[PDB]
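A protein chain is absent from this complex, but the other protein chains hold their places.
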Amino acid sequence: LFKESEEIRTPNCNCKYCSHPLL
Amino acid sequence: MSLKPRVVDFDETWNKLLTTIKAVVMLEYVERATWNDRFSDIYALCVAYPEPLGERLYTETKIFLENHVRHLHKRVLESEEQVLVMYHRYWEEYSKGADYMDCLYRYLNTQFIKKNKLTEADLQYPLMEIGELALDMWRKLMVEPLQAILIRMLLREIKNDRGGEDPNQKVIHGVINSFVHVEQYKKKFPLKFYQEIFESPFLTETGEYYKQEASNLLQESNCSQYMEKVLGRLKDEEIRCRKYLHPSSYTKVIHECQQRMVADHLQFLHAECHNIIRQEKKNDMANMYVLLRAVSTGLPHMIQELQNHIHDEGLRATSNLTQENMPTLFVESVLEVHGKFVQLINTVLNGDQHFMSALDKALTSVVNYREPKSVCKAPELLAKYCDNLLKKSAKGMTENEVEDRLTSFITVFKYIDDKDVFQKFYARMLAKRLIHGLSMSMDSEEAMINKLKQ
Amino acid sequence: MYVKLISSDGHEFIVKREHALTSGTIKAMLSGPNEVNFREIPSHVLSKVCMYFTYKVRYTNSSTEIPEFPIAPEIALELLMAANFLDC
Amino acid sequence: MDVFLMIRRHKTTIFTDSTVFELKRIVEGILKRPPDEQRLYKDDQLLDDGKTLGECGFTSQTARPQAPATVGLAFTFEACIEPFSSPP
Partner (left out) sequence: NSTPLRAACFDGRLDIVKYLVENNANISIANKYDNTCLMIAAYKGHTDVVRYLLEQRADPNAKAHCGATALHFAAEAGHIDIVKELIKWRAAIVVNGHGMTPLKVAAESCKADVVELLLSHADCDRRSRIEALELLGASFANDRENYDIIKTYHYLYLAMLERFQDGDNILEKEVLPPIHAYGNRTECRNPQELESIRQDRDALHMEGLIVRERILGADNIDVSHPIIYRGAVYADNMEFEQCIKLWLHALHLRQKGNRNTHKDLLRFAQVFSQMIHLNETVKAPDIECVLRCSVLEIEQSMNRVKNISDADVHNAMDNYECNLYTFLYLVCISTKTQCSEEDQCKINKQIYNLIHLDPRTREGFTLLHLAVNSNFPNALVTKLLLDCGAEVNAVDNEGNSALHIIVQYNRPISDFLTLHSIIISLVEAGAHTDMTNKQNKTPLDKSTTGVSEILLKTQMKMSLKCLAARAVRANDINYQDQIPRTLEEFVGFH
């Protein structure tokens, strides 16, 4: 049906609001 | 020989080309050999190895053409009351010159300006071909500075033509066609200049003039005289449109003229409609129909009055005879009414679908009426007619004439609303006549049974 | 019907008008104020472009095969240059 | 039928497209001169009038449009082919 935005976070920074791209 | 790029003195070649173009755009005579050499000169200017001189060529051609158009404008404006003739003369000369010099800058038109002109997407969402450049700055500096004067003279002359005097058809047709050719190549809405500058003022002036003329005619003349006059004026308007204006504006001008002519006074025609329908005026029937074919208001009232007149006449004719004891008389009267109104419609109303539908409605109102004491008497009378045609009745009757009578009866039978009662009467009388054995022929009876099938 | 091509060298090539009306430049030069005389094109180049006009009319739109035009190496450069002038 | 010929008169060279006499009539139509006052020469060899054009040696193989064959034309006694410009 629908697939949620992935939003799998950067392990280095734990602040959920911070958005650090992962290579 | 030196087709390879060379160090070309732009000043000298431009000076020679300036003398050439001045004769070319003014339609002065230039020798063919000189033209053939100016082509090579243009090619040399467009390709010079130190720096292509094409941009300088375009800029200097723009300056020369600007000087030319400004001098033409000053000479035209200095003239008074001859603006139209003078403008038409220089428009012919300049159109010929601009079409010729587009050829003379062909290489510069397809190898330098083309690769730097803004694309179609660019314009849709200042460098453009030299051939149309003359027309474009003609727009910029001849009509735009003089559009008011030009439109005033054009409208006054066309108003004079409507008055009765005949102006120069060629000059007027030329100036309006120039109002289009100046934008003849714009790749989008070529008539924008035309629709903006001539159509709107012309449409407004025609509307006002024809409102005045319609009021004057309505005051002056009776309904008939007025209506053939307004038909003649519409025809003369079509003629004037064909003579002067561009073809695409004919429909708009005719529409405005007719809406200002009859749509303004539809109440008068509608009021006269009852009397004119019921008092046969077949010529005015056709004229009313052609007048109100365009305006939507006229047609339905025409239809209603025609249906009312048909119903009144048919009901009167049928009600003249009561208990005639001969149903053939009623059928013959109905057939006569139907044929008369069908031929009237096909003659004056051109067999219009709405009018024949109204005739069918009126005829259905007749026949299928409860005014006689016996309700549903029409199917019974139809049955009696069919039996009298089929039954021997101690009479020798022509089979072909019986077939003709049956074919005529087919129409009135189609007009009657109820056929089940007629079918029951048919079955009963068929059984009766089979028991008594009185009939013209089985095939003749079979034929009308087949006629019932269709 | 017939147009006289004249080279800068001095030759007078005559070909059917419809043959020579396949180049925009020739149409331009024949329009506005016959006997078209190039003061620039040499003889051999004009001969090659003339043979091209007959080649355009026949053996074209031919599904079977269309023969390649033979262009000599020495004349190729100025023939290509004449292509621009004639706007072929 | 598939014949294209270089008819040459000194500097002048016309381009044509099977009878020799009808070729001379075309020469009438172009150069405007009587037919019997002019004699054709295939490589300076006289061709008799009224013969079939194919027999003289011109055919679809050797009269192709991209490489037409040459026929010398002289007004009745001969007045020679003038060659083109030399390739640079």
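Labels A, B, C and D are assigned to the chains in the order they are written; within every chain, residues are numbered from 1.
One rule holds for everything that comes next: a residue touches a chain if its C-beta (ideal position, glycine included) is under 8 Å from a C-beta of that chain, and two chains touch if they have at least 3 such contacts.
Q: Pick out which of C:15, C:20, C:28 or C:49 touches the chain that's been left out of the picture.
A: Hidden-chain contact among the options goes to C:49.
Q: Considering the whole complex, not just the chains shown, which residues of chain B touch the missing one?
A: Within chain B, the residues touching the omitted chain are 4-5, 46-47, 49, 52, 111-112, 115, 119-122, 124-125.
Q: Taking the full complex into account, what residues of chain C touch the chain not shown?
A: 49, 52, 56, 60, 68-69, 71, 73, 76-77, 79-84, 86, 88
Q: Against the chain that's been left off, what residues of chain A make contact? List them.
A: Looking at chain A, the ones touching the missing chain are residues 1-7, 12-21, 23.
One rule holds in what follows: only the chains that are shown with their structure count from here on.
Q: At what distance in angstrom does the C-alpha mean of chain D lie from that of chain C?
A: 20
Q: What are the residue numbers in chain D that touch two or more other chains?
A: Chain D, residues with two or more chain partners: not present.
Q: Provide the residue numbers of chain D that touch chain C in the complex, in ascending order.
A: 2, 4, 11-15, 17, 30, 64-68, 82, 84-88
Q: Under the stated contact criterion, what part of chain B meets chain C in this complex?
A: 1-4, 23-24, 29-33, 35-37, 39-40, 43, 99-100, 103-104, 106-107, 110-111
Q: Show which residues of chain C lie in contact with chain D when the two form their complex.
A: 2, 7, 9-16, 19, 42-44, 47, 50-55, 57-59, 67, 69-70, 72, 74-75, 78
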